[PDB]
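J.: Listed below, chain by chain, are the residues.
2 protein chains.
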Amino acid sequence: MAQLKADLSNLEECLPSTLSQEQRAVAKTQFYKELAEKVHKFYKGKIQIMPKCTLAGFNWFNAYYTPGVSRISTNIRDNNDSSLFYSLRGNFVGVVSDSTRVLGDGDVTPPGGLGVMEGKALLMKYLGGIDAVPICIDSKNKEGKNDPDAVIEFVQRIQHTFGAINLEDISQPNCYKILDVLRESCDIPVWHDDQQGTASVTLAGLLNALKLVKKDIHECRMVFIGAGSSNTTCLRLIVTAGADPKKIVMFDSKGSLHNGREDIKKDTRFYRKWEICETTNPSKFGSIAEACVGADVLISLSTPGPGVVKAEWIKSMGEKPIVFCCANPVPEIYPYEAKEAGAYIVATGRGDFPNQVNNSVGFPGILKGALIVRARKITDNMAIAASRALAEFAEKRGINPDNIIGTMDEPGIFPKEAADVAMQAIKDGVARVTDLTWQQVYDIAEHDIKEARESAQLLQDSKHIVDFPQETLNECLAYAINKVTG
Amino acid sequence: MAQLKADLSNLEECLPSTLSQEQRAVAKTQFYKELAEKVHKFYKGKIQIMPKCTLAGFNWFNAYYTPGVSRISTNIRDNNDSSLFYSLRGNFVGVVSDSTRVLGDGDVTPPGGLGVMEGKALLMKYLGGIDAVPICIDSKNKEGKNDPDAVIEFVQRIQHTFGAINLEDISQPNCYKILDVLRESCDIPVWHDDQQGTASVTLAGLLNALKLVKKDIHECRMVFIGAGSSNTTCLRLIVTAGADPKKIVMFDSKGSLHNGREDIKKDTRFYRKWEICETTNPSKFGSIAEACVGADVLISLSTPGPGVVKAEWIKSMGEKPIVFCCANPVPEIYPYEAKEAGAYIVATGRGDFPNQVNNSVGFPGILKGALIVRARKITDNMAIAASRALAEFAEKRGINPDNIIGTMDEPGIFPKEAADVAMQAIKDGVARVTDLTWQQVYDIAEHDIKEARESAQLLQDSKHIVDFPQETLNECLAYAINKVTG
Ligand code: NA
Ligand code: NA
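Sequence lines, in order, name chains B and A.
Quick note on PDB author numbering: the first sequence kicks off at 1 and runs consecutively.
Quick note on PDB author numbering: the second sequence kicks off at 1 and runs consecutively.
Simulated from the structure, these hints should not be mistaken for laboratory data.
Keep in mind that the hints are not guaranteed to be accurate.
Below, in silico cross-link-like pairs of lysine-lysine (DSSO-like), each with a Cα-Cα straight-line distance of 30 angstroms or less [to be verified]: (1) B:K463 with A:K215; (2) A:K140 with B:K450; (3) A:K211 with A:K140; (4) A:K140 with B:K145; (5) B:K211 with B:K265; (6) A:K310 with A:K254; (7) A:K450 with B:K44; (8) A:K142 with A:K246; (9) A:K247 with A:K266; (10) B:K41 with A:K254; (11) B:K140 with B:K450; (12) A:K377 with B:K145; (13) A:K463 with B:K450; (14) B:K44 with A:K427; (15) B:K142 with A:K41; (16) B:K377 with A:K177; (17) A:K450 with B:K450; (18) A:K377 with A:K266; (19) B:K463 with A:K463; (20) B:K254 with B:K214; (21) A:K266 with B:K177; (22) B:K214 with B:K310; (23) B:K320 with B:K396; (24) B:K145 with B:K377; (25) B:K427 with B:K177; (26) B:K377 with A:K246; (27) B:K44 with A:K254; (28) A:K310 with B:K463; (29) B:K145 with A:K145; (30) B:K427 with B:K377; (31) B:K215 with B:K142; (32) B:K140 with A:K140; (33) A:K145 with B:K427; (34) B:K177 with B:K377; (35) A:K177 with A:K377; (36) B:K427 with B:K483; (37) A:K463 with B:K377.
Now the in silico label distances, taken between C-beta atoms and shown as ranges [unchecked claim]: (38) A:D81 with B:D78: 28 to 38 angstroms; (39) B:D467 with A:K142: 49 to 59 angstroms; (40) B:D402 with A:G412: 38 to 48 angstroms.
Here a beta-carbon is modelled for each residue, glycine too, at the ideal position from N, C-alpha and C.
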């Protein structure tokens, strides 16, 4: 009977009432997987390059090209900073990955990260008014090992094209060295989305969840399952934001993190883990299950599910448990099971369940802010300033257990983030532009965003972007429904 | 007196009658440099990123991003070639430069090449239907010398992002090593626009120039001023197309090329000049002036900086001299100086003089053709096919001493280049897509270029690209005039 609308807004209604809750969840994930396959091929990707300058007539090329363009090359040679306003550089972000950790799918090979990086680049334009491209590279050295110095050298060479570097999907602990070095060696800001960007949105999420459960951040026990770059960065911001590290426990694959973890202390590449080891889990919990009894908050970024976070764990938590399970493409548990177990607030990293806690609602504002005041780097306080803007944006339009965080469907989030991030950067002493107010940044970010969204809509109404075929949609739903019944 | 039109078509008439020929030439140069400065700052560059996929509703992000995008990650991992259609890669060109030979300005530091590489990317979209971005890199090693191996390594790592690589503005002999190695090692086509690109359009102009003066290619004495990477490739294509090597002389800084250059002999980084030493200029001409008397064709692309072509060399040439002076931003001699000295046909690299012999009129068509049928390499044959296509397109609508070649205002040149280059790639055995006909390839090129042009036009007509202020046009004019009248 039911048929998807072109805007996909009625997917829930098109899934037969006969499916179980695990069948709806698995069908949702199969639909979007099969649809991704079809849509990417239909349009041959997701982004394109366009003029943004007047093409009124042939002779404009004499100013864009020879002979006129020569003044640009000499102006830049003599004053490198003018590359920021004479070329797209000022608004141009490289989305650099070696594809070693592309979502929960792992090392997907060097071109393998294109779908994800191209999606980041798309969201940067449409959400953030930022021009960005995917830069998927091979970081393998001559011995066939993915090598942090290969990526460091690369970015140092390519920095001159860009206004910021946005590292993505790089396995740990390479990603720490890559970022720790680049961030101080480059003349443009470099950061790792998976680090402060995930951490930023995770905090923003927790901030509002804590207002809805009426607890103070400092009194809350919190369990962190998985100890990769996202989770370690989340814990760090959460503590800076007022959480008591003594009430916190993190787990890697070998057990809990604590004083006695000599395996972690001796390998300094894992210094972020080792700091957590020195400062949290004073009780040295041996198991997740013990750690969760009474816990207030469970934050997971581990192996893709099903069944990695256990219903029993959640059942044993305190009053109005907050559960974030953000592994991709499949969360550690589906939201219907966690609510069955008693969770009051459940978040995942995907857009097809409520409460999407995903850096896509953080990077565009963090990046745009940093670009506008030319911040030298992305500081933790900047990241936190964006956590606050996002949490406050959502609160001020209404929040509840099934809507705790700003969504990708609310463009207003991003100039708010950009202006707060910009002022924090001036405050932290890392901005090179200091002559702009909160309002002036907001206005710049707002305009670029509106201009980006109106251009792209115009190109859709006119059918330079062709409508996707109704029939391929019908085919993706049948495909999804067949997988979970047949 | 007239003010400049929005479309810049009437600059000649806005330049005062009383100006001398020298003043008029210099004032055009200064006008376009000063307008380049103003317009690049006005739009903060020339190109932008834009969605090319449907954004009909929020849930679409679930296909473009987590969770759906994971299908793309794994699809690519298991079939790397599918990257060419599940992402922009299949139509994505990197304009790679170390900014070491950027026009006649030469080495402008790494970010200094951005003006020129952005104009190239702007042209690939608007003339060729190609998505392209500037990639300006630092190639300097620790000792601060430009290192070809750095460029080789860099491109090898980034190749995974792109459907082709378009090397630009790399100093010789580095450009040879980089091109020659990369074209064999990368799994996409790599070429150097200043090599086959420039030689493609140079041959095209020569073809029509020769028709106009009624001379057979093989019966012309040709003198080449400069042994740079452009001129070298110009000579080589012009020989393959049928010139007599015995009737040809090339000059470098130290005098004519001939088989007695021990000089060039053992430095095998310069093997291309060496092949030319073995095969040309049997006579051992002892000065450019000795060479030029009775010559038919004189071709210079001195890079960098200002080259020399003398009035007296031209005056000594034969019946109806053909003179190409393509140095940018100022040619070796201006057209009116070459005309006064007896030249019948004169080309420069600029669009503000007749007969613009510039790669911008060959690269959009070459790359587009190569991209469609997935050519592994850009062969010399393929470059030559584009030349015949360019020259024949021009001859069909009429050629004359002041209009010998197709212009950037004639968008039909490029689907025709694309289809001829494609067929040639199949014939050369470098095409990975072998069963499309000329018409099928033409159709794809034409449809892409038309979509790109109309998309761009819609964005201007809509005011998303703002009209450039008339007041600033008027200022640039006055500025230019003022520079020349004091
Ligand atoms: Na969610
Ligand atoms: Na010209």
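J.: A separate judgement is required for each hint: does it hold in the structure or not?
T.: Evaluated hints:
no.: 1; hint: B:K463 with A:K215; result: violated (50 angstroms)
no.: 2; hint: A:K140 with B:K450; result: violated (40 angstroms)
no.: 3; hint: A:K211 with A:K140; result: violated (46 angstroms)
no.: 4; hint: A:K140 with B:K145; result: holds (25 angstroms)
no.: 5; hint: B:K211 with B:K265; result: violated (36 angstroms)
no.: 6; hint: A:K310 with A:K254; result: holds (17 angstroms)
no.: 7; hint: A:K450 with B:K44; result: holds (17 angstroms)
no.: 8; hint: A:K142 with A:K246; result: violated (45 angstroms)
no.: 9; hint: A:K247 with A:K266; result: holds (25 angstroms)
no.: 10; hint: B:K41 with A:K254; result: violated (56 angstroms)
no.: 11; hint: B:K140 with B:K450; result: violated (40 angstroms)
no.: 12; hint: A:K377 with B:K145; result: holds (29 angstroms)
no.: 13; hint: A:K463 with B:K450; result: holds (13 angstroms)
no.: 14; hint: B:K44 with A:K427; result: holds (27 angstroms)
no.: 15; hint: B:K142 with A:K41; result: violated (43 angstroms)
no.: 16; hint: B:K377 with A:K177; result: violated (36 angstroms)
no.: 17; hint: A:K450 with B:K450; result: holds (26 angstroms)
no.: 18; hint: A:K377 with A:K266; result: holds (28 angstroms)
no.: 19; hint: B:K463 with A:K463; result: holds (18 angstroms)
no.: 20; hint: B:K254 with B:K214; result: violated (34 angstroms)
no.: 21; hint: A:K266 with B:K177; result: violated (44 angstroms)
no.: 22; hint: B:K214 with B:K310; result: holds (25 angstroms)
no.: 23; hint: B:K320 with B:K396; result: holds (22 angstroms)
no.: 24; hint: B:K145 with B:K377; result: holds (28 angstroms)
no.: 25; hint: B:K427 with B:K177; result: holds (27 angstroms)
no.: 26; hint: B:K377 with A:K246; result: violated (61 angstroms)
no.: 27; hint: B:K44 with A:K254; result: violated (52 angstroms)
no.: 28; hint: A:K310 with B:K463; result: violated (55 angstroms)
no.: 29; hint: B:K145 with A:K145; result: holds (28 angstroms)
no.: 30; hint: B:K427 with B:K377; result: holds (13 angstroms)
no.: 31; hint: B:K215 with B:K142; result: violated (53 angstroms)
no.: 32; hint: B:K140 with A:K140; result: holds (21 angstroms)
no.: 33; hint: A:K145 with B:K427; result: violated (39 angstroms)
no.: 34; hint: B:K177 with B:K377; result: holds (15 angstroms)
no.: 35; hint: A:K177 with A:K377; result: holds (16 angstroms)
no.: 36; hint: B:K427 with B:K483; result: violated (54 angstroms)
no.: 37; hint: A:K463 with B:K377; result: violated (35 angstroms)
no.: 38; hint: A:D81 with B:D78: 28 to 38 angstroms; result: violated (45 angstroms)
no.: 39; hint: B:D467 with A:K142: 49 to 59 angstroms; result: holds (55 angstroms)
no.: 40; hint: B:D402 with A:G412: 38 to 48 angstroms; result: violated (57 angstroms)
Checked against the numbered hints above, the structure breaks hints 1, 2, 3, 5, 8, 10, 11, 15, 16, 20, 21, 26, 27, 28, 31, 33, 36, 37, 38 and 40 and satisfies the rest.
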